[PDB]
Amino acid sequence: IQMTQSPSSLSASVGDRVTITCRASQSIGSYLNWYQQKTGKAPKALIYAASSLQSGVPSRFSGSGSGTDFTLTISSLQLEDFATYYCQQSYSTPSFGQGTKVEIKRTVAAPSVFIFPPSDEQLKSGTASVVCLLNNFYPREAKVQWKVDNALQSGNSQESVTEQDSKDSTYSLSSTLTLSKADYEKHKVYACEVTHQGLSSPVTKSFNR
């Protein structure tokens, strides 16, 4: 039994009504259940039997459907609801839908940018990492360019992004530029240039070695 969940991800503002669908490859009557899974946590049952809300679960959650097509509704999305949601057929031995990742839509927020030179300690080894930090921005989409004496870098940076902040729904991002001790000492000016929807022009943070 294949369970097709839809959509894969969605973004909605606090207070918005949210709708997630789940389709089964055959009729499964009402043997259809919904779980919520937050990051680094176990799944938690929201709904059993298509429409039966479990005790403790907030009343904004509801389930409907029978046969092939089912729907999970969140009547008013809250900050707490940031999570992955799975449908699960209990008709035969368990199978799950692919999941739907719910993100919180908020107002646009420009990042604050910071640059960090490599430490003298790391430089003792043949190793240099230069870190650019974009702090507390929305949306997740942001472009970061590394320039070394104005030469654009390629294939030697690496980005990591936090998951959405549970209070203010912002993201943070690190871009780490990795160069050999030798390559680091060959150049003076290290700059990262940030482009983001919330900035009217790109922010450059830089230092001279």
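Positions refer to the first chain, counted from 1. First, how it differs from the form deposited in another entry.
- Taking the list 147, 73, 188, 103 and the motion between the two forms, the hinge point where C-alphas stop fitting one rigid part best and start fitting the other is 103.
- Superposition of the larger rigid part on its C-alpha atoms leaves the smaller part rotated by 29 degrees between the two forms.
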Second form
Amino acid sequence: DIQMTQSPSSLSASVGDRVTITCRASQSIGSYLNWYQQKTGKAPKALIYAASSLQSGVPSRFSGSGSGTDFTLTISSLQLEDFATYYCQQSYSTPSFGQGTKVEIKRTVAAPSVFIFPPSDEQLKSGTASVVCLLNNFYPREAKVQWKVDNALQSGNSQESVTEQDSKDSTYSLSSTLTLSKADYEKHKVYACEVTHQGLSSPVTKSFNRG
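Beyond the form deposited in one PDB entry, can we have the form deposited in another entry?
Chain alone follows, minus partners and molecules.
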């Protein structure tokens, strides 16, 4: 197929902003390029067809251009409902989509509040130990959350999950869970959650000693 590449993969903008996503085709697709918007848990919605033709009742602020290989979508003045993921798609040959561009709400930097939770005694009884680390209400989304047991950096035994922007206060929250058995759990001592973010001037470490 023809391979499609958008840029950036995500962008931060404020309501009122003029934003612009680009899309590249691996070969010439002429004017056969469409734009879609997709919001969380909803199907895609057609925005532009034929490079520059606004669909059904798409607001006048949306605008497409380009022919051949390089194309751009433009929102003249971003609104709150425009925060979504935008995909381009070649309709010259068999359909192929771009990887997506997430448009995110810009706000001020907000360092995370970091909390650590030992495994409950109810869980330890069942033979498994889950340690949860909670980064609360921060911005930007970019944060690094590393685990360390007896100061030894961990790999492959934790999973993260981020919420969507609070929409109220436009921040994110993050839950990392470290899973061990009751074995490497009862045998180790110091359990640390080390958090890097641009709201903090240096890595914050939340820890507890077992017992």
